[PDB]
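Trainee: Each chain, written out:
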Amino acid sequence: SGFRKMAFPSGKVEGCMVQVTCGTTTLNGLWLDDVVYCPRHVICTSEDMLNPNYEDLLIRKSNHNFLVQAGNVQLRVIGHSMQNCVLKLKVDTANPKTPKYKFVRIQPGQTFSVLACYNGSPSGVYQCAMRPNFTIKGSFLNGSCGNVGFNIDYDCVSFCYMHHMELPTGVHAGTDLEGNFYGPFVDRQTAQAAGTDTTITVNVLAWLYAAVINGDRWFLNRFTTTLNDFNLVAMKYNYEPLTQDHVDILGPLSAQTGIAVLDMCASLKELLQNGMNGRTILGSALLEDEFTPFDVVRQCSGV
Amino acid sequence: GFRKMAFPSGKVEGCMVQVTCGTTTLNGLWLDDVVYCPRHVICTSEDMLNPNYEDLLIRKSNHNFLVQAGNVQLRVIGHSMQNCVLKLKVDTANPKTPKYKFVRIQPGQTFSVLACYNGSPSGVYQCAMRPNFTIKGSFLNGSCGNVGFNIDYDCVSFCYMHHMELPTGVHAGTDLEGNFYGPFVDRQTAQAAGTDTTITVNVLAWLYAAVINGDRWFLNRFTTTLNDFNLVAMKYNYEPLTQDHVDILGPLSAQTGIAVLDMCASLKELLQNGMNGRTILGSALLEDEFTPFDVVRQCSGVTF
Ligand SMILES: *[C@@](O)(CO)[C@H](C[C@@H]1CCNC1=O)NC(=O)[C@H](CC(C)C)NC(=O)c1cc2c(OC)cccc2[nH]1
Ligand SMILES: *[C@@](O)(CO)[C@H](C[C@@H]1CCNC1=O)NC(=O)[C@H](CC(C)C)NC(=O)c1cc2c(OC)cccc2[nH]1
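Going line by line, the protein sequences match chains A and B. Residues 1 to 303 (PDB author numbering) are what the first sequence spells out, left to right. Residues 2 to 305 (PDB author numbering) are what the second sequence spells out, left to right.
Here chain A stands alone, though its shape is the one from the complex:
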């Protein structure tokens, strides 16, 4: 028993982190087989970054313009291309530690692990969720561009995030490994706002189930609600609507606890309307929405 924000083990990704430098600009890259993936703004000077014409800047670069270091070894760049906001550097050497991998595009509300890494050296690992407004609430500092987010299924690493930006509000933005931003953001040195965020309702409900599984029931009540009537109140509070698919994904948690989903929904509605008084749930004073149903089932199955 117990419930904790948990990341996937990071070793398979650690073996792929390298450092990429062009001019006086340095960030992290991801070394898979004989290709190194990194944010394309590594080719910019401070002056270029305000309004970079990336295709124009890239064609003026030569392979020798790129310094790639994998620990204490320099990797020789023998080719370069760019796919949207991701620069791809061909090197003459295959990474022997390349895991089985895929590139995927994650959906809002799904979680992933981030390997924090600076100058190509891994520093920490933590779990994030893709927000409905396509931002991430992460812990990226200077030099964190090129950090990647991932999930691991069996032995396959599914890369879903590359880090590019910190917004003025302190949340973060980035791309998939195809170089497409999540959300309406652009890799230029400007202050950018996100759309209004919303709360990931299916994840709050999963987390309430985890709290019940771990002996926390104070927020339950004897009431039920219809799905529509729940969604009416949820939307009033800037919660995402709960779909029937979401209801279905929560089935196993409902079965384990014997609490119907719409019964939990009635609990959540009362919590939104009354607050938590001074009380906590799983040690939190706020309703947590960055655990998916799968995240909860993985830590609570059997308990």
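These aren't lab readings, by the way, just hints derived from the structure by calculation. There's no promise every hint is true.
[To be verified] Partial pick of chain A residues on the chain B-facing surface, computed with a CB cut under 8 Å:
(1) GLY11
(2) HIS64
(3) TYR126
(4) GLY215
[To be verified] Each computed DSSO-like pair below joins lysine-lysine, with the alpha-carbon atoms no more than 30 Å apart:
(5) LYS97/A x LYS97/B
(6) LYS137/B x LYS137/A
(7) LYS100/A x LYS61/B
(8) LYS97/B x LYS90/A
(9) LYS61/B x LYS102/B
(10) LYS102/A x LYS97/B
Every residue, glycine too, gets a C-beta built ideally from N, C-alpha and C.
Please arrange chain B with the ligands on chain A, whose structure you already have, making use of the hints.
Mentor: What follows is chain B with the ligands alone, placed relative to chain A:
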């Protein structure tokens, strides 16, 4: 961004193995040519109720122990018991052994746990050792022998190996020399921990982290002595500070220019008067599982 962060787990993943005796299986830690694991692996379920470990071990030979890295067996060639830990000498030195140390941590100290089932790592998360010598972890059946660690430079400091889940759902275990943290024993019995307290040095670290981020409404105009602060803190079920606690706050004190005892006086007012409906770092709750090193780490990007 300020959030809980585990260390990268790869150096430890390469050291996880499975240890089985009969049908009893758990996890072990493979460093050089020795595997470390909880000694109750030698017990049947019924043996675990009231074990005499010295007697149970005399009956065991090297050939009764199955150690597997993945599906690959590592032949056991020696065995000995050290407190609550079994040490199995194996015929292969782990080529992935990192630079490592065995350390015994203080309450309040944090560490990463590599969750691991059947010798296969499944996740990593950050834990704090509570003042009552429990940890609020996430441990299912088959998690015994999971380890807790910190990584400084390229050296892994192992501090915890998992044994037990208490009735209340918190967790208990040993250091890597087999000595339990707290007054627990490795027997199949319901055991209770002392009443827990709040980790004062970590609350202070978090207040420094708030100040570093420009959130400083709670800075008051008073100071205090260490002794007067400790006596008042205990009335709020906060841990007394030690001299080591004062010392490890030093860098955060210097970074902000706020003397440690002035921060103590500020915390004391927060305890006596509450938050008055205000938050710190976006929380009405005073957080106590970030150490001074965690705050310096996750504000400066220390890598390993
Ligand atoms: C990368 O490490 C740079 O290579 C860096 C990551 C952030 C720095 C601090 N925390 C981070 O997550 N990213 C940037 O510096 C990006 C670079 C762009 C994509 C070329 N820019 C920003 O993060 C950025 C610029 C501005 C800004 O300007 C003007 C105004 C306000 C916010 C802001 N963020
Ligand atoms: C190990 O995996 C066993 O090798 C296991 C880990 C726990 C099971 C579920 N979550 C865990 O953290 N540990 C145990 O089963 C230990 C075995 C001892 C050390 C021999 N025992 C307990 O965790 C334990 C026993 C009892 C108990 O008895 C009766 C009554 C109440 C609680 C309790 N916990």
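Trainee: None of the hints should be skipped; say for each whether it holds.
Mentor: Verification of the hints:
no. : hint                : in the structure
1   : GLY11               : holds, 3 Å
2   : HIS64               : violated, 27 Å
3   : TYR126              : holds, 5 Å
4   : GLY215              : holds, 6 Å
5   : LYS97/A x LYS97/B   : holds, 13 Å
6   : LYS137/B x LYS137/A : holds, 24 Å
7   : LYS100/A x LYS61/B  : violated, 41 Å
8   : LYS97/B x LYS90/A   : holds, 29 Å
9   : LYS61/B x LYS102/B  : holds, 29 Å
10  : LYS102/A x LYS97/B  : holds, 26 Å
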